[PDB]
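Please construct the entire structure, taking both the sequences and the accompanying hints into account.
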Amino acid sequence: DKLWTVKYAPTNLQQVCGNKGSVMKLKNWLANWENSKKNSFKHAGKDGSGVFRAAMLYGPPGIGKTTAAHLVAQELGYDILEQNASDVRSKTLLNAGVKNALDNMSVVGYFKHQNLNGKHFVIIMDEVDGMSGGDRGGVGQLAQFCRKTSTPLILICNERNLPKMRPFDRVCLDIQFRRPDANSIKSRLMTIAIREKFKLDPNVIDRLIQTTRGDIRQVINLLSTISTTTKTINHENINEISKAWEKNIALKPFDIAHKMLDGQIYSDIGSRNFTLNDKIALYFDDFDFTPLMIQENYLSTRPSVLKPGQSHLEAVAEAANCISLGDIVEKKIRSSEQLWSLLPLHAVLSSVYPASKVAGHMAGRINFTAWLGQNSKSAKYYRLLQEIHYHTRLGXXXXXXXXXXXXXXXXXXXXXXXXXXXXXXXXXXXXXXXXXXXXXX
Amino acid sequence: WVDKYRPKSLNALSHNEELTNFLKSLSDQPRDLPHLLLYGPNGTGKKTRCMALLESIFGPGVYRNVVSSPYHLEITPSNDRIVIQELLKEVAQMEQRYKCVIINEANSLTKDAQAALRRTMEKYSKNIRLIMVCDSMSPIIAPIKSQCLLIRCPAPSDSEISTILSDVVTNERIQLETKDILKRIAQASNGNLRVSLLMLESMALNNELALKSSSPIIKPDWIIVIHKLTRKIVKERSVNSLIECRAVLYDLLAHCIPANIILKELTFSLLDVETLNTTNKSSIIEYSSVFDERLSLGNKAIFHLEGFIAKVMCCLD
Amino acid sequence: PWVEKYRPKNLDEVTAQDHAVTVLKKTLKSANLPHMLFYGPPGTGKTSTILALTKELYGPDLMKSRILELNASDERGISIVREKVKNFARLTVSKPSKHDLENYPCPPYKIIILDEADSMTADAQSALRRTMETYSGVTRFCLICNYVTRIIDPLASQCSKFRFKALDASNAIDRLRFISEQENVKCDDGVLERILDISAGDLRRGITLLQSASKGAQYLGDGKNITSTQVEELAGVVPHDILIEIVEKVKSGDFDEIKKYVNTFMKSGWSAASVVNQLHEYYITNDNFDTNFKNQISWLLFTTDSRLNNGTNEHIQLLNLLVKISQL
Amino acid sequence: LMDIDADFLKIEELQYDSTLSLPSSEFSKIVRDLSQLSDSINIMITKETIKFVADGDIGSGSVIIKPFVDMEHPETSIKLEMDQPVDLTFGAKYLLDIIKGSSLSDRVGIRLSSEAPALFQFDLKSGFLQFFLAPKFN
Amino acid sequence: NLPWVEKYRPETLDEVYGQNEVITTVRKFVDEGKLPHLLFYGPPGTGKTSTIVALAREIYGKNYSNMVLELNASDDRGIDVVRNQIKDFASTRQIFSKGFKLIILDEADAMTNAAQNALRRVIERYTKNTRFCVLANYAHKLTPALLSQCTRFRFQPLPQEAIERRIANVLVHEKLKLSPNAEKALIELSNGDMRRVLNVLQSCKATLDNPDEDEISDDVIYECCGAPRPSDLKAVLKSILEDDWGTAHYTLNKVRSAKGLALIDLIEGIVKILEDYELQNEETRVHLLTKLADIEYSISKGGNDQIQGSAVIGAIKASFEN
Amino acid sequence: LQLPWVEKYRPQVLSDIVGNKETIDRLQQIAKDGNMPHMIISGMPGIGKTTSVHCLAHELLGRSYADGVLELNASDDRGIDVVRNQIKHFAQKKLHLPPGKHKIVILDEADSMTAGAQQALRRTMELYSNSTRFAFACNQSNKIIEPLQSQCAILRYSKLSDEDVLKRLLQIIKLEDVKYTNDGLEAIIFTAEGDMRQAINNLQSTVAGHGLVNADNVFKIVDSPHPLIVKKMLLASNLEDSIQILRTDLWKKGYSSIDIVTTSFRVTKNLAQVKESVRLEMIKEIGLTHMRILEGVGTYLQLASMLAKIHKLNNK
Ligand SMILES: Nc1ncnc2c1ncn2[C@@H]1O[C@H](COP(=O)(O)OP(=O)(O)OP(O)(O)=S)[C@@H](O)[C@H]1O
Ligand SMILES: Nc1ncnc2c1ncn2[C@@H]1O[C@H](COP(=O)(O)OP(=O)(O)OP(O)(O)=S)[C@@H](O)[C@H]1O
Ligand SMILES: Nc1ncnc2c1ncn2[C@@H]1O[C@H](COP(=O)(O)OP(=O)(O)OP(O)(O)=S)[C@@H](O)[C@H]1O
Ligand SMILES: Nc1ncnc2c1ncn2[C@@H]1O[C@H](COP(=O)(O)OP(=O)(O)OP(O)(O)=S)[C@@H](O)[C@H]1O
Ligand SMILES: Nc1ncnc2c1ncn2[C@@H]1O[C@H](COP(=O)(O)OP(=O)(O)O)[C@@H](O)[C@H]1O
Ligand SMILES: [Mg+2]
Ligand SMILES: [Mg+2]
Ligand SMILES: [Mg+2]
Ligand SMILES: [Mg+2]
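Residue numbers (the entry's author numbering), protein chains in the order written: chain A, 295 to 407, 412 to 693, 697 to 717, 723 to 747; chain E, 4 to 67, 86 to 99, 104 to 121, 134 to 354; chain D, 26 to 353; chain G, 118 to 255; chain C, 12 to 333; chain B, 7 to 322.
Restricting the straight-line Cα-Cα distance to at most 25 Å, the calculated cross-link-like pairs of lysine-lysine (DSS-like) are:
#1 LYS38(B) - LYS545(A)
#2 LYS292(D) - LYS182(E)
#3 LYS281(B) - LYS557(A)
#4 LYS168(G) - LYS253(G)
#5 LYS160(E) - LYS148(E)
#6 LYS182(E) - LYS240(D)
#7 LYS45(C) - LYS14(B)
#8 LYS54(D) - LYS186(C)
#9 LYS283(C) - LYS237(B)
#10 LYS180(B) - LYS45(C)
Derived by calculation from the structure, the hints in this document are not laboratory data.
In structure tokens, the structure reads:
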């Protein structure tokens with residue numbers, strides 16, 4: 295009846311697939327909070343989680359952040375007072391609302407009372427990187443609370459390295475959540491399936507995760523599509539329903555790359571059963587991923603379409619070039635909300651053409667696009683190198702920094723005696739080091 | 004390190020006297036300094052020949086998201106024209134005696150942006166003086182060229198770069214076995230003082246401050262990887278190989294390394310390969326000449342670098 | 026700066042481009058003055074022609090009273106064009122003074138001049154359209170730019186086109202000699218013209234050399250003229266000899282040698298892509314190269330040039346160009 | 118109507134350390150006055166005496182009222198059944214919100230206890246509107 | 012005192028030249044009570060705005076302003092204006108006469124996709140009571156969902172016929188004479204844009220006029236709208252084809268600088284003058300059109316006037332080795 | 007009154023949609039059960055998305071559609087405020103429905119919804135998914151912030167095959183007694199490229215002005231270069247011949263330079279006569295020129311170079 299992500303939502307931190315390291319880091323902080331307070335938050339314990347009034351969770355969509363924060367709170371007996379983007383968190387309302395609970399106790403904490415925190419709040423300011431123009435000065439006031447609160451404060455966001463999030467930098471314990479581990483999600487998904495009365499090839503359960511880029515919430519929803527679609531599952535159906543489901547609802551981006559890369563469609567015969575018009579049309583079946591898909595695996599095929607006496611390499615270079623050209627086209631299509639009339643050309647230059655040059659037998663296997671997550675790595679690191687520059691600009698363009706900050710690595714990693727010497731003799735602090743350490747790594 | 008021995012004054016300028024004097028003879032009217040446009044390779048000493056000229060004119064204490090100082094501010098376009110026309114004009118309120138503004142990477146400015154800065158120059162030129170640092174005065178509209186000193190900044194000679202080298206050791210107490218170790222460095226960075234120096238510190242901390250004839254030149258995290266890729270490209274020229282080169286590129290990019298930079302080094306670390314005849318090479322540059330444009334006209338960089346390698350593996354195999 | 030200190034104060038002052046001005050003069054006596062689009066290379070006299078036409082038509086009195094100007098500096102968004110611009114446009118003309126009615130022709134209309142209209146968001150240009158069409162009865166626009174391509178077809182249609190041709194070395198010397206005289210500048214022979222060639226068309230730059238250079242010839246105080254080679258060194262042009270190295274290094278020479286040499290040029294040499302421009306003028310003029318050579322070299326400079334106008338890597342592009350011309 | 122998943126609480130009649138009562142219009146004025154001085158209002162019931170204090174940055178605010186009973190107008194009388202002293206501090210914002218019940222009953226009952234939420238009550242001819250306010254930290 | 016461009020603006024439908032197929036269908040539609048949503052698309056100065064304005068008058072007469080709602084790129088038309096003002100007018104009956112309302116969205120292609128999308132949803136919900144007319148230079152800049160909502164009427168470039176006719180009208184109510192092949196030149200250079208014709212024609216009624224009865228020649232026109240002339244252009248070709256480089260490089264360099272011409276113009280004219288020759292090999296044609304087309308393209312982005320010129324000489328020359 | 011046929015013959019039940027069979031059935035099943043997940047239906051213009059969702063809405067709620075469905079499209083206010091109130095209030099609304107049914111919120115043209123608003127929607131559909139389910143309809147799912155994306159199923163829609171377009175085309179023909187020709191229908195199909203709305207609209211405009219739906223009539227309302235001519239220009243054995251077709255039949259007749267290219271591409275695509283490899287190299291050319299036309303240089307010259315390059319390939 296209820297969505298699956300709901301009915302199968304963790305009930306104990308003992309069910310959060312992944313980030314277990316960060317969950318611990320979280321739970322701890324929420325434990326030593328009373329003491330951290332007792333000590334005026336000036337004793338950064340062996341964890342550092344001691345000089346921070348509030349914690350800042352962050353990471354990709356559907357990986358357990360909101361589940362952890364809530365759960366870690368309910369586990370230490372505290373009562374929860376949460377807000378999110380659906381609420382108005384402007385500086386005005388913020389100061390006329392929650393500001394008042396920063397040093398207050400739960401009225402529910404009484405009619406519930412052995413609980414040691416039952417009468418205390420854990421403020422969960424969720425979806426903070428979602429505070430728009432409907433929250434004037436919200437981040438500022440919120441970042442000010444991280445310094446003057448008298449109760450645990452937990453903030454969640456997806457992009458910690460954003461400009462809007464700058465005011466939060468030095469003010470709180472930011473624990474990172476990365477994309478859960480496949481085995482974790484694979485194991486979890488299995489458990490689900492079993493309880494849902496069905497089985498699935500570990501190769502299917504595997505590529506899903508790969509498509510979902512780790513979004514455990516998405517896979518769960520995506521996995522509830524089978525039983526919800528068909529009326530009655532049977533002994534045999536299980537093995538075949540995967541097809542219609544996988545090649546349609548689930549891994550559709552794959553059945554596209556498959557068809558597109560099948561040489562049988564480019565041979566004189568099939569060449570007219572599945573016309574040029576159809577090949578181009580396959581593109582409009584997911585014009586979002588199709589270009590990414592072809593580029594991803596146009597070089598992992600055993601071509602059957604090569605002209606007589608044409609090497610696999612040569613034909614690839616031709617598609618390589620076309621892939622390149624199609625890009626030029628895309629950029630322009632995305633430079634003017636009014637250029638969609640160029641998509642057909644892009645269909646040809648980014649998929650159909652490159653494909654026809656190497657279509658045939660599938661040597662390896664259709665892989666999801668590497669470009670997306672690969673675009674996260676590069677981006678998430680430019681932000682780092684950036685803040686590092688806006689700290690060394692005192693001592697070359699941000700570019701000349703990553704192409705000259707090589708020597709620095711030595712006199713900052715070399716042996717790790724002369725510790726303090728170089729470190730401080732650089733005008734760097736704690737975060738100035740922890741940050742420069744990440745990228746350099 | 005390198006930041007240490009940097010000329011914090013014009014009297015310290017030890018490079019290109021023709022200009023070092025040009026700057027002195029130019030600072031003879033601290034109340035009348037025409038706009039300035041310095042162009043040239045990187046690490047030639049221009050950006051420093053700037054903040055050193057501002058203490059010569061303004062107060063030496065002229066050292067302190087923008088880099089502001091009690092005498093000047095630095096603008097780095099890292104839209105953008107909005108900032109130019111807005112910030113600047115606001116700084117034009119510096120009268121109620135002008136103020137200097139340095140435009141780093143005047144190449145990173147869009148045609149639609151420059152046009153704004155131009156008019157802005159001709160406007161409050163009384164309260165504002167511009168110092169534009171850049172390389173290759175190609176993407177700079179003429180309206181600007183004829184409103185600022187067209188000053189070039191040729192890099193130091195191999196023999197002149199070494200001179201500034203043996204000096205650093207004399208202070209850091211380094212042991213130079215001979216001049217060789219130095220002169221090799223100058224030819225290694227080909228003129229990039231930012232390198233030759235940041236280099237002489239690298240192969241100096243690895244040789245225990247005792248420079249010996251065995252000089253393991255500086256080899257940054259990336260530059261090396263490019264060469265290992267330059268190799269794989271000449272050895273194994275197959276589709277399966279290309280797939281590998283991919284992951285390498287994908288990682289050079291994910292580690293904040295400019296794609297147009299990868300192309301550059303790679304395009305030349307291939308031409309230095311003796312195992313290639315006039316043909317292969319003259320076809321390699323052309324392919325880079327072409328794929329260079331491709332990069333500046335699109336967004337997904339790999340798509341362009343990969344296609345470059347493919348055309349190469351064919352030019353060879 | 027003589028550049029602005031010598032800005033034509035009257036429509037007559039602007040010589041260079043007259044094919045358009047002569048027409049402006051005669052239309053000056055009519056309220057039928059069409060909207061206009063001035064366009065041409067840099068510093069050809071466009072912005073001058075406007076202010077002049079205006080002074081010549083309104084006189085300093087109604088000057089700032091019934092004329093609005095917005096340039097690359099001023100903010101010109103969809104919001105501004107539909108507001109400030111549309112407002113002053115729709116607004117009723119101002120009442121002339123008794124004196125104005127006596128010295129200047131006070132047309133029953135105001136003027137909106139959008140200089141550097143070249144860099145206006147197409148959106149804003151569009152918002153300009155109906156505005157500068159329904160208010161022709163009292164308002165008239167002037168759009169200036171360097172490329173017609175940058176101005177939306179609709180507007181190019183509404184405006185009467187005025188193509189400001191470059192400044193021919195013949196049209197320039199006249200206005201140049203008049204500058205050297207009024208400034209007692211000890212100019213040599215191969216100077217007056219060398220200035221125009223180096224700054225072909227852009228008179229502003231042609232004058233900026235005649236000023237930033239003569240002030241340097243006085244420094245020497247030698248009273249000695251200010252020859253050719255004297256100039257260019259300031260303009261940014263590359264030496265003639267350092268060029269001959271190129272030509273010869275290409276007339277014969279393997280790959281590596283050029284790549285080797287080119288590296289040298291980049292290393293420090295005048296980071297001027299203009300090397301291309303000069304390699305052009307050379308080969309096309311030289312009488313020792315066959316037509317078949319002229320032809321192919323022509324196409325190559327064009328290719329590399331086009332490649333260079335895309336923010337490409339200076340070095341790469343230039344290397345290839347030399348390596349290709351050599352194969353020829 | 119709305120679909121509300123109410124976290125039903127178990128309110129139980131407790132024995133508060135002190136139990137006063139006074140005109141709602143008065144409690145209102147007092148609360149409104151003091152709230153201009155601090156974000157917190159301290160209510161002290163010591164030696165059969167009602168004392169409200171507000172300590173801010175601009176200054177402090179102190180109000181004290183002694184029990185009595187005017188037979189002329191029973192509704193303007195201040196009661197007070199103390200059994201043990203009480204010193205609690207409440208958020209000014211919540212008192213400013215509770216005083217809004219000052220249109221239902223001309224009198225307001227207040228029951229305080231060191232270990233429980235304060236209880237402000239307004240009497241209705243056939244019921245009541247009561248507020249349970251949790252205190253601040255000590 | 013309106014500049015001719017505006018002065019001779021069709022006051023009624025019968026005054027619009029060269030768009031008859033549109034005028035007739037539209038008028039029939041109104042008389043038959045089956046007027047669909049309209050999309051008038053075409054290049055500049057073809058009669059689009061003139062036409063709906065006139066069509067609107069003719070339909071409502073004076074109740075115009077109170078029965079018609081017009082907005083254009085000069086107006087604010089973001090999503091807010093659409094759900095509000097526009098939507099309001101579309102869902103509210105008329106105050107005066109009974110019938111359907113009319114909303115005119117001029118230069119609709121200037122609207123954003125967001126707004127266009129909202130616009131479309133409004134047009135969908137109130138199609139049974141209100142009529143919309145969208146105008147644009149490019150249908151392709153219009154959301155398919157919007158376009159798919161109306162009947163299209165392409166306003167094509169004014170044909171010789173039409174333009175020759177209007178020229179006749181202006182010559183009467185204006186003491187003006189135009190030589191035979193001078194009217195022809197004006198035509199060939201206006202590319203069917205009635206707007207450019209009326210413009211140059213007054214750039215002469217204030218140029219040559221001395222005896223108030225002069226004769227406008229081919230020259231007066233070619234020079235007015237700074238455009239080449241067969242003789243000049245057709246000469247520059249010869250110098251390029253026959254004479255040496257140095258010589259041709261001169262001919263071109265002079266003809267354009269002495270007449271204020273630009274490669275762009277010359278190229279075009281040449282391509283056509285050259286399109287009639289009977290070349291030897293077909294490749295001559297190909298490579299020729301190719302390079303010339305490449306040149307023209309690089310110019311639109313500003314390369315190097317000098318080189319690009321030598322490029323034209325080279326291309327034309329090189330290709331003529333057959 | 008002038009009831010548009012795109013509206014008059016709009017599928018009123020999941021059955022009537024000639025959509026993407028596979029996916030539609032998926033919906034048919036959700037219609038019978040009731041565990042409708044939040045979903046984002048994306049795809050090209052006019053293939054039956056908005057129809058689809060509304061049809062799913064009914065078969066699920068029957069007489070409840072009235073109070074259990076809240077539609078909000080581009081013509082409505084959908085900012086932070088409405089999302090934080092109207093929408094939220096709706097999900098919090100009490101409505102007694104059968105075991106597996108939930109209230110539906112339909113946000114059409116969802117790619118127009120500002121991020122800030124989408125951002126403020128997140129929590130609402132997460133907290134009240136037990137009584138309220140969301141359906142997003144758009145052309146670009148790319149414009150939907152990921153947090154919302156991970157909360158729902160993504161259903162891609164494909165353009166309609168010519169067969170499918172043809173069927174619903176005939177179904178309307180019978181109910182309207184329209185006089186048609188086979189070539190006439192092929193003209194509509196050919197010019198709708200998988201867009202049912204576009205097809206129908208044209209069909210009606212075609213009958214509304216010529217009664218009989220024949221190729222000649224169809225291409226009259228379309229008013230674009232007639233396919234036949236464009237074809238005879240791309241196949242001309244001599245470059246001189248085709249340039250004449252471009253000069254006499256296309257340019258001289260006043261067709262847009264954009265009009266020419268687009269049709270050229272469309273025709274090259276269906277040129278079965280030629281070979282895949284060939285049609286594609288041509289397309290690559292027509293497109294290159296096309297993009298040139300879009301960058302301003304839409305000159306006759308350009309079109310000529312296009313045909314020239316074509317011949318170079320169709321000769322090699
Ligand atoms: N790490 C995890 N382990 C187990 N189940 C998970 C995990 N992450 C997500 N889920 C499922 O996904 C649903 C939502 O996860 P949340 O923790 O609320 O996501 P989130 O990381 O806050 O995502 P946002 O709001 O888009 S940032 C839960 O109700 C779970 O069923
Ligand atoms: N035709 C001319 N006659 C006389 N002086 C001229 C002429 N053209 C330019 N000048 C000089 O060049 C300077 C610039 O002229 P402007 O009118 O500002 O040029 P422009 O054509 O508007 O240039 P842009 O903005 O770069 S396009 C003036 O101050 C003049 O002294
Ligand atoms: N078909 C025509 N018949 C007569 N005069 C015309 C015609 N087309 C244009 N004109 C003249 O050109 C001027 C502009 O025509 P408009 O109808 O405003 O053109 P348009 O098609 O709306 O142009 P845009 O906005 O640039 S697309 C008018 O004032 C007329 O004098
Ligand atoms: N698959 C289909 N079967 C039958 N009729 C259809 C189909 N697709 C579209 N139609 C007709 O086209 C009209 C509009 O289709 P819609 O469902 O609104 O398309 P759409 O995909 O939502 O388009 P947008 O909003 O522009 S993306 C309907 O009212 C139908 O009459
Ligand atoms: N004249 C000089 N004498 C000594 N060191 C110099 C000189 N010029 C440059 N350097 C070195 O180069 C570094 C920075 O180069 P920079 O001035 O920014 O040049 P560019 O702008 O070409 O990159 C300095 O910190 C310094 O170590
Ligand atoms: Mg969450
Ligand atoms: Mg100007
Ligand atoms: Mg119009
Ligand atoms: Mg829809």
